[PDB]
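The chains shown are only part of the set, and none of them has been moved.
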Amino acid sequence: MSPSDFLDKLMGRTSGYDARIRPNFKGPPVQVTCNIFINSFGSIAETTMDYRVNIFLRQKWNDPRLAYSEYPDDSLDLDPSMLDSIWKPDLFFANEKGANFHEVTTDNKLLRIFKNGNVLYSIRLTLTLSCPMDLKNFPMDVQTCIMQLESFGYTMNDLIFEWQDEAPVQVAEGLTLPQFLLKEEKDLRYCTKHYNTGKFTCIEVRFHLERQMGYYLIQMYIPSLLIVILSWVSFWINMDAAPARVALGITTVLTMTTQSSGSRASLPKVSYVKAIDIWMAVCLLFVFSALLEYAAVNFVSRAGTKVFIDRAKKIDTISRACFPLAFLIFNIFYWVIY
Amino acid sequence: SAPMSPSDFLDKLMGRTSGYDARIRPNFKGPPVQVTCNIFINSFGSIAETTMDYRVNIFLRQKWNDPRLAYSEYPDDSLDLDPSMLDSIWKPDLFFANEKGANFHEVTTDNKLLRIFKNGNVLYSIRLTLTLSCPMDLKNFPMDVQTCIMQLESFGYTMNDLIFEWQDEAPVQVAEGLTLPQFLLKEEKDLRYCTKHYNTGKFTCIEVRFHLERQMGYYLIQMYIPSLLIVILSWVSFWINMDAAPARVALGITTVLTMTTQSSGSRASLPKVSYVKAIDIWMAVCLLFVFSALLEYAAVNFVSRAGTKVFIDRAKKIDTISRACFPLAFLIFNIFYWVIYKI
Amino acid sequence: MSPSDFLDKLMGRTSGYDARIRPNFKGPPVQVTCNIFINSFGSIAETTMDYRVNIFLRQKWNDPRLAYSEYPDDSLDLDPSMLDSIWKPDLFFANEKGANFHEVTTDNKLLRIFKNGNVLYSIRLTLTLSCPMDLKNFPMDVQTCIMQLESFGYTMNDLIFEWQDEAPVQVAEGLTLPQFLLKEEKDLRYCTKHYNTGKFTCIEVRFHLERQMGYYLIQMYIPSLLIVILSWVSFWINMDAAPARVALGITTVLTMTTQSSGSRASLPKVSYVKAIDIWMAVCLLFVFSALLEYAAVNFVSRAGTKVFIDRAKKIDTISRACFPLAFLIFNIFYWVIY
């Protein structure tokens, strides 16, 4: 039998096939099985609180009307223009902010049917998905980004999604992210939805992203460390050199404030304290304290007499030990905690 | 008893053999079609002060009766239909009057739902992304509360042909656990009419208002506390020796200059409005205090030119008063500022 | 008569109506009357030199083929899908850079026909229109932004646009702009076009936008004023304090240069002098002059003798009066002029 006639008798003019009717429509819900191949994963944005993926979405289900005996072949690969002629599930991504198909150089779609009427339907998609982030531990934070696959129009009595048993989420070999490690373990869950329109099938995959620390050492932690150390050289400068020691205090304090606002510049304007904020605040305190230390030195030594010059000199000699020591102690606590 | 095939049924109801004309409204010689609306807010964000707008992802639900779609061929109270049948039925021409951008969702198929009932009722739900305009009053920024609206209007049907109404029970649902980084979305939403009168006629319009309360925390960290520290910095001058002119002048210069950049930085993310905001008052007063500290030293340096006891003492008195009065005056200002805006 | 049959006989299968033929095609030009409702008005950008509007565009004209007697109704409101079946004008916006229709939740279009064959056609549009700006007086400038409505394909012998007599341009109640005042008076005129393809109807509306001053006082004028005043404290500082008075000069001069570049950061890179440039330049001069004043004080007082110390002290006492006085005089002239 010629393919033209076969497609005509199976799903075309002479078939009686109505794509507006689901498989087993008077019977139990259609069981759809899903798997995804992650071709690309990136544009993880803290500001807009979202991420981007390029995937192949695979859907599998049985349609008795598409069973065939005219060929011995276990399966038939069909031209994707035939997708418009068959019923298919109405899967959408519930947490999608943007989504598009791929049509270059032709529709990036695949359709395969089997002897028994099983269907395999694969389609390439780009998705911008929302990922609400908890930044309390930033930048030592780990985020969980989800992808929800839901039916828009079919209730659970007509249609049900399920992840495939074997390897439901594959990731392209050698895929890396500059800022994060994508963990190998992905959680699969149900997100069954209850709206005023009914109860809708929904399955979910959760990705765990661990933020890499290196960039923040170079950009943020080490530079701020050096500003703190800079403030300490004041303690070895002559107490008579007021403009020198005051310049050291001013510039370290001011640099520390811009350092602090710069540490948030790439983040959404959240109203809770983050781990980087604690660090910048304490660094700012230490640097401000060094200036206050000189104010005290300059003040107690006003009357240029031995007893008061000695009291001022003692403040300096203690500060040379205590500031670095207290800062080391804070460091122990900070790093151990996070 | 062989029930009628769906194909034949859809043919007889709204297809080739039905005589149904989607260009004609239900009860077209009779009273206006009563449409009932509800929305599910799936997502709510991109609240931008600069462009003065916000973004929502919603399911829009419309309900109305169409006698032509009543059926007796099945016992089922309702039928869920393939959304391709939406092109074959009449439906309202609802648009969003304050929408700047709007799109449907077509991945992996049209995000639309169509359900009809025995008596001819229709339920029509569609997923939409909308950028809606929200004119903001920033006088109290960043202790401001904004009201953002969404207007649902008929474009082509006058009130004698079509009427929108919010559903009685829970017209606006919000997805569980939905939060916004910068705002609190209040539980209470106002519903009202925005009936429109143009030179083309009178048009049905209903409105929902959301109340958004700006969260304070970010502004304490980014703006208020840093500026506070610059003011405190300026005060250390008063404990520095009056002989150290370059030290005390450096303190004055740098605090004044930092305060000016601090001030322009407090507006960088905002539209260029011509009224005074609450953050402006704060930055201006902080700038005044820091400038005053420098002027205080100018006075100290000037009155003590002649190095004589009486004039050195007068300069020293200016410093000892300043150590008490600047922090005291700044505390008083703080009391007034916070009490006025946050109480 | 059923509406279906009526639409069939008027403009459908049995009508003989050809939408490719204009009303009175062998006769005089079609007279189209236009009015707009401005639903929204904003995104006024100096850099890209344009603005954005959301409007309802209303077009009115007579088509004898659409006259009816089958109903007593003065007018009929028709489903907008019938717009594809009737002739309509080919109005475009000549100074449009971007334009879109609105299709959510259905086409934002309105079609009404009258007994005598008049048509009312309204459509919702978003337009980005070009507005060439003259910034000589910025930020005390007033701009004129235009909207041109033109026929693309019909010459004046076939088609003519005209503004409606009564209230051709309506503006939504309570519409405001953050940076501008939109004046109540709008100029209407003709912009008849002559190309090498012929002569084309074109009507124009002009909006007057007056820039609000407040933002620039807060952001630009007052901050620069304070830098000038800052420079003057130098005159009350001891002439022996060289690093103090030189620091005052350096920092005010440098801040004034960044202040100056910052005043243009949001503007197109025009090559003429603006009002804000004059101000920043004079402020820069005053602040530079204060530093030069100290150079003179430091220089004439090198030899630490009474006669030369007195000459340096006289320079300071004059400067305390003359700088503020000269700056006040400049202010009088500047504000009075603009």
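By written order: A, B and C. Residues from 1 in each chain.
By definition in this document, a residue touches a chain if its C-beta (ideal position, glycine included) is under 8 Å from a C-beta of that chain, and two chains touch if they have at least 3 such contacts.
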Full count of same-sequence chains in the assembly - 3 placed in this view: 5
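One rule holds for everything that comes next: only the chains that are shown with their structure count from here on.
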Pairwise touch network: line, ring, star, complete, or other: line
Distance between chain centroids, defined by C-alpha means - chain A, chain B (Å): 25
Averaged-CA centre spacing for the pair chain C and chain A, given as whole angstrom: 40
Set of chain A residues in contact with two or more other chains: 243
List of chain B residues in touch with chain C within their complex: 21-24, 28, 51-52, 60, 91-100, 102-104, 126, 128, 130, 133, 135, 155-158, 161, 198-200, 245-246, 249-250, 252-253, 256-257, 260, 263-264, 267, 271-276, 280, 287, 291, 294-295, 298-299, 301-302, 305
Complex contact set, residues of chain C against chain B: 3-4, 7, 35, 37, 39-40, 42-43, 54, 56, 58, 77-82, 102, 104-112, 120, 122, 124, 126, 167, 170, 176, 178-179, 212-215, 218-219, 223, 226-227, 230, 233, 236-238, 241, 243-245, 247-248, 251, 255, 262
